[PDB]
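Just the one chain here, laid out as structure tokens, in the form deposited in one PDB entry.
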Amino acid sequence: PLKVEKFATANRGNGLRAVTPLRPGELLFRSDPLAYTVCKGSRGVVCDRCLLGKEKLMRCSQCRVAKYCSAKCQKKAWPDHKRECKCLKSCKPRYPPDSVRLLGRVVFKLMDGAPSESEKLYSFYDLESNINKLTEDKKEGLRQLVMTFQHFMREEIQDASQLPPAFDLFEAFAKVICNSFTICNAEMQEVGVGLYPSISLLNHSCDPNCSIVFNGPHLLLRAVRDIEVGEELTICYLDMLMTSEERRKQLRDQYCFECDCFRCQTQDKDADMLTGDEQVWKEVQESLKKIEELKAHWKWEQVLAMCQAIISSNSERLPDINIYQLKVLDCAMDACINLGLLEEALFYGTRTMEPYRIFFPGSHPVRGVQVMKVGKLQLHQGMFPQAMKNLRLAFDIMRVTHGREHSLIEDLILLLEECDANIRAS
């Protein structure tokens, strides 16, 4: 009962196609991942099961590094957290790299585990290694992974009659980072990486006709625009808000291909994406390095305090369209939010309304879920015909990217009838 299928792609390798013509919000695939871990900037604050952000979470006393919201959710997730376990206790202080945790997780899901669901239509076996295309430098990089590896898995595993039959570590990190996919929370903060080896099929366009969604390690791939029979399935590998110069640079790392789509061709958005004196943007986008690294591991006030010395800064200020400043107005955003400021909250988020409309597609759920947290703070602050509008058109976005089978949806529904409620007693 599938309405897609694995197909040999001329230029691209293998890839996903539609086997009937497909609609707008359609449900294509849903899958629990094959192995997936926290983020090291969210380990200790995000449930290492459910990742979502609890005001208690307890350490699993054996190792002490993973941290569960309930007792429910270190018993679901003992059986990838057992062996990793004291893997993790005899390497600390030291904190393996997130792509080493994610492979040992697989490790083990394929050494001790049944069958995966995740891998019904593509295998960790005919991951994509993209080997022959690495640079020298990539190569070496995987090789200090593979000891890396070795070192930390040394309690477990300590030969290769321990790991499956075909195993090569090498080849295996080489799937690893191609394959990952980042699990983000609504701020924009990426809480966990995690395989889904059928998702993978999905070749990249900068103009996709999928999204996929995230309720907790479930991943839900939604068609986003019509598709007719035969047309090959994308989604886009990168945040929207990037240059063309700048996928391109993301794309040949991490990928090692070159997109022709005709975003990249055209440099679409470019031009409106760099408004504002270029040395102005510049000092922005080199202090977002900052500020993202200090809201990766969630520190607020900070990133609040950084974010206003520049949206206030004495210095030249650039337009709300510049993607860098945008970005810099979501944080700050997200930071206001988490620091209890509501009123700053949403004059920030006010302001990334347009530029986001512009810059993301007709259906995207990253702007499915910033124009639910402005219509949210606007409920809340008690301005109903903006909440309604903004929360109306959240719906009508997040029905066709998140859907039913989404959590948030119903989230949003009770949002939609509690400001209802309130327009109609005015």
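Numbering follows the first chain given and starts at 1. Rigid core: the largest C-alpha set superposing within 1.5 Å between the two forms. First, how it differs from the form deposited in another entry.
- Following superposition on the rigid core between the two forms, the residue from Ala186, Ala305, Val229, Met353 with a C-alpha displacement of 2 angstroms or more is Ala186, and no other.
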Contents of the next structure:
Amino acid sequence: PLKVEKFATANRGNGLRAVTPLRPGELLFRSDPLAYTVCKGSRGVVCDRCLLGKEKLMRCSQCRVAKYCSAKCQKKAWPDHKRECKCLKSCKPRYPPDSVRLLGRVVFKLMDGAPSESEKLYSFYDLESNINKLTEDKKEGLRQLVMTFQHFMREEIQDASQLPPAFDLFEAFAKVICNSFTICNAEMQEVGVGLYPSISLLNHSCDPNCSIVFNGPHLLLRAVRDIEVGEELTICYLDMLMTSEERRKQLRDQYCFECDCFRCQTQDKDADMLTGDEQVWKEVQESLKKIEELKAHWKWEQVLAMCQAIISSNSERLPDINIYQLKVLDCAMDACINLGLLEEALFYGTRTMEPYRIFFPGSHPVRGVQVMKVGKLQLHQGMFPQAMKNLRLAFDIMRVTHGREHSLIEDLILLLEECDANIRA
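With the form deposited in one PDB entry in hand, show me what the form deposited in another entry looks like.
Coming up is the bare chain, nothing alongside it.
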């Protein structure tokens, strides 16, 4: 017997609930993806299988688009790449939308693949599509995806025979919109997209009681506070650095619902998020469109230059609690880490600590990882009392959000032991 179950909610479809009390940090479920792919910005920078960045990737010789860190990865990937390769070679110097490559892999994984453990609680067939809530604009976008898919797969899929029993491509793309997980690497960089149908049972809250974390493509679902018997299990679908208006847009546009959580009812934190001079934060918000695109493509030198122009502007500056300023600091910190500018990374990272304490309350994996980054930076600069405080705090968080089953916890424990050797009596 599991400690959770599927149930029919009153007004939000199916959900997952606790069938026994759960404690912070408890592992509730784990899953490989039904299907996944590298995301657009990371294609060619990270390995298509393990989603790690390496100096050197080796191209699939047959398509020259899918890239691997190693023979191990090419071989472990081949069953699930074998049918899409031809399709990728034809389209370049051009490339299908991530959703299309993802659905291609679902369609092959269904037909060709043994049944998937990712579907133990809920299957692809069961996923919500929200078809009766889609607007005309969204339906038009789905129709285009269907046409794109039919072109991409004409190579490997011409008729009903190669698509699953009673398969409707329009409905399948509708499912992909509201059930696609962004896969993040250990450093919380977005690197892939996948389907995890059992995890798609979880409804959303802006103040959730569970969290997911990724270790490569593998997903761990954990409780992040005490949960009572019968309580519905929730995760936050969204970035924490968002006002309630911003959250409302994304939840409507992507998920077709109106959030009734208490944070949305109270507009919790909205005004604190937008402190400082409007002329400046409006312009920073605009600049972040470019900065975030550059970051998604791992263009660190360009990210850093744009961020430095803001952080160290000759013109007016923002408080670090302003969410747009905060996002700029965090992009700059990650750019510096990746460029080996570790002193500079620490200045920006340390500035994010208190805002992150405020905006990622309780135990949130993104805060755990940020605090760990800052402690690591301090450790390697010989700032041992500071590092030890931060590494301990990171562990406080990550023992709950990541747990022993996540490899990053082993890395963190090594840092703690290293630092302790310098501060111990």
